[PDB]
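2 protein chains.
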Amino acid sequence: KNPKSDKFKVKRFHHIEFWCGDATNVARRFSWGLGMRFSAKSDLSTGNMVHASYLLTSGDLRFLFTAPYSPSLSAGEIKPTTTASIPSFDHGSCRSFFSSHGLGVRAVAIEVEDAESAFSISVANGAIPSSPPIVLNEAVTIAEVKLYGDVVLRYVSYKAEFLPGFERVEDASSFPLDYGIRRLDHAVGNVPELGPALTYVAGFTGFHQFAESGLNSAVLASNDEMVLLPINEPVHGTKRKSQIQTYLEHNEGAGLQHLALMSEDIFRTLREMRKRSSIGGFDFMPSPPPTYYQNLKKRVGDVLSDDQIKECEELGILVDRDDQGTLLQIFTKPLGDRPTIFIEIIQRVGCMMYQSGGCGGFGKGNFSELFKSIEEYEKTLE
Amino acid sequence: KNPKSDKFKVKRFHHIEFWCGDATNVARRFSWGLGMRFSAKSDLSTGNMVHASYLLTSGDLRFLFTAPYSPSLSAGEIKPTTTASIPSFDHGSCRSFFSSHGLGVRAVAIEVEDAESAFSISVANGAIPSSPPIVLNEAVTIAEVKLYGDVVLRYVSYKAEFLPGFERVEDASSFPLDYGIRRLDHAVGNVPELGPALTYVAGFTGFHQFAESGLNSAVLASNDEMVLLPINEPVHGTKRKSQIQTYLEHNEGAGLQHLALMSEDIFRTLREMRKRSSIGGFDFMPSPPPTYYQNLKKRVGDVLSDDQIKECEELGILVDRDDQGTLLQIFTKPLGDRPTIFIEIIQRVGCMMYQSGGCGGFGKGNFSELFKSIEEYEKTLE
Ligand SMILES: Cc1c(C(=O)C2=C(O)CCCC2=O)ccc2c1c(=O)n(CC#C[Si](C)(C)C)c(=O)n2C
Ligand SMILES: Cc1c(C(=O)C2=C(O)CCCC2=O)ccc2c1c(=O)n(CC#C[Si](C)(C)C)c(=O)n2C
Ligand SMILES: [Co+2]
Ligand SMILES: [Co+2]
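These protein sequence lines are chains A and B, in that order.
Read left to right, the first sequence gives residues 35 to 194, 201 to 251, 262 to 403, 411 to 439 (full-length UniProt numbering).
Read left to right, the second sequence gives residues 35 to 194, 201 to 251, 262 to 403, 411 to 439 (full-length UniProt numbering).
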């Protein structure tokens, strides 16, 4: 059931902003590891004395990396005279966020029809305001409300090129990397209590609920279900410790857990990312045992051929299935020092109408299949 | 003249420690950009609840990248029960250093005969103590004194593998990158006043002075002149603004300006680094005009053949010459967000006895030759 109860007009995921200690080094690592091009900048060379911000793109996926300069460079500015290109930025907020959480996502940005109206409706319906609507060069409007922890949901609306004050990046420093990633599929939060978190977000957006493992979870979705916001809470006192609880402890509370990036060819994406894992890119979780891939034939043998199942095994890809579609997924090890944020690469098969969002689910069924698969241990014991 | 006045026995440069916001992302970027292997770690997986530290190596060059975890993970520890592998580390010091200076060098570490004796003699001769001698597993001793700004000179001595508590890195995550870099040649500080800085450091080490451009500089050297510590001060009120003064402003005061890394084949190093500049590695300063390389024949045509001079032009390499040797050098753009720290790649020709340290100088003569070379403008004007 989709009651289409969005309280304002939501278009698509727009960008994700990481708050960094040094934006240059994180952006360069992510660019090489994920195959994202340098496409825009706002920094000292563009007249920004407040923060350094670098934009990477791959298809419609936009990753923004921002770090503060010395407050001394902008000591004489006030908000009416600021050189910052992102008006919500604050030196103290950014340093406090990073000191408290380490490297991670500050902003989940969605494009809306009217960011001022989205902000107003959201706050009227319970959203805690974070940054009021600011109109940039009479062209772009940006506003922010609190989502969970110190993560904000950022609204952006365009009258008619990322943000004013950003410059397109010099061709020489913009190598056209591309490993196949095309857009953000979903963005997932970890919280101590799922119930109140869902009630708060669903309350102010009108997003509806989208149709033993250490977690309980639920997914909020926009009218066309292309903006997907799962939220997890821990399940305490199990056999092994909950990964959600470990996250909360190492992150100092709620925050963004993972970003799921849709690829238009997950085989190529994973080949390219895995070649770079040990030369500056990203590491992947340990692959499932061969029994997992033998079990794939019975589960998805009508969707994937033997060779494609063999290719999944070569690359460590997980496979799950809905009553409507199929999901190919894999998870990176944490992106930084702390066992907190990580990335999921995904590709979805089915639900052709365009492909409907969330086709195939989120891989909940792979918790059971992975554990059952560990029966490779019992088979090796023989 | 070398009066060999070292007040304790100094061996060689041992390592350089960067204080980071996220050690993982900086270390991975540097590894790919410079061709340095992951060789040791101290982090949550080794039982360190205090800091994440990752060691990169290339030949005898050792770069250490350290960042603090949440203080909450180690809240119950005291120094007698710490899980930190580097006893001088402090969460508050590290966060304050990074918030104030951005990414940069915290420690210039030299190997000595006896770090406890080196520390004692140094402080008796005016050194401001930073961290007292600590003996690790009855095997390694480490002590620190203030060098300039918030940079420390760290002494390490070995009874007889980086530091106890560090684990050698798994072969799988240790790709054997190597672009030819072999050791640290010199480490350079920027300070507001050169005179007092030299007097302070030379006072407590006994290091001797080693034999219009916006700076005054001088070089302190150990007995065998293999530990080389240049220091710069700005020269105010010129035509263009002093790069030393820009550094001090953006760094919030004195700090490490550049690290000069000796290559055993600067042509190969620069080929490899330049191929990676726009896919996650390091950028280089703009190359000198062709007139610079035409002028090379008269200056060094007895040392470098035409083809080798052409290879320098292809790679943007600078060349200077002493009365004793020749220097090939090139400079990266700043390593992080701020126009502060950068890297020099160098290779020295001559002074064969082994090669004596500092053979060929530090390239002071290239300030004049670069400006004179800008006569390409007058030639193009014709
Ligand atoms: C993160 C994730 C998802 C997922 O994407 C998802 C959502 O999008 C919304 C719903 C809830 C949720 O979880 C799905 C499957 C996963 C993982 C994952 O992270 N891992 C890694 C480990 C482990 Si361990 C060693 C602590 C037992 C998996 O194995 N599977 C199988
Ligand atoms: C850093 C450096 C050195 C150097 O290593 C050195 C020492 O080791 C100890 C002594 C003092 C010192 O300087 C030498 C030459 C250099 C540079 C440099 O940084 N640059 C870059 C710019 C510039 Si601009 C656009 C602001 C005029 C050079 O061009 N040359 C030519
Ligand atoms: Co997911
Ligand atoms: Co130098």
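Because the hints were derived from the structure by calculation, they are not lab data.
Each hint should be verified, as a subset may be incorrect.
[Stated by the list, open to error] On the chain B side, residues computed to face chain A include the following (Cβ under 8 angstroms):
| # | residue |
| --- | --- |
| 1 | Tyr103 |
| 2 | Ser127 |
| 3 | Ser151 |
| 4 | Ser154 |
| 5 | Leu217 |
| 6 | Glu322 |
| 7 | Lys325 |
| 8 | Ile329 |
[To be verified] From the derived model, a few chain B residues whose C-beta atoms are all more than 10 angstroms from chain A:
| # | residue |
| --- | --- |
| 9 | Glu150 |
| 10 | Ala251 |
| 11 | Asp315 |
| 12 | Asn345 |
| 13 | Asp387 |
The C-beta atom is built at its ideal place from N, Cα and C for all residues, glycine as well.
Quick rundown of the hints versus the structure:
{"no.": "1", "hint": "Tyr103", "result": "7 angstroms, holds"}
{"no.": "2", "hint": "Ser127", "result": "13 angstroms, violated"}
{"no.": "3", "hint": "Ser151", "result": "35 angstroms, violated"}
{"no.": "4", "hint": "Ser154", "result": "35 angstroms, violated"}
{"no.": "5", "hint": "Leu217", "result": "6 angstroms, holds"}
{"no.": "6", "hint": "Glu322", "result": "12 angstroms, violated"}
{"no.": "7", "hint": "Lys325", "result": "10 angstroms, violated"}
{"no.": "8", "hint": "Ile329", "result": "5 angstroms, holds"}
{"no.": "9", "hint": "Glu150", "result": "32 angstroms, holds"}
{"no.": "10", "hint": "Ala251", "result": "37 angstroms, holds"}
{"no.": "11", "hint": "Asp315", "result": "20 angstroms, holds"}
{"no.": "12", "hint": "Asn345", "result": "26 angstroms, holds"}
{"no.": "13", "hint": "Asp387", "result": "4 angstroms, violated"}
Hints 2, 3, 4, 6, 7, 13 from the list above are not met by this structure, while the remaining hints are.
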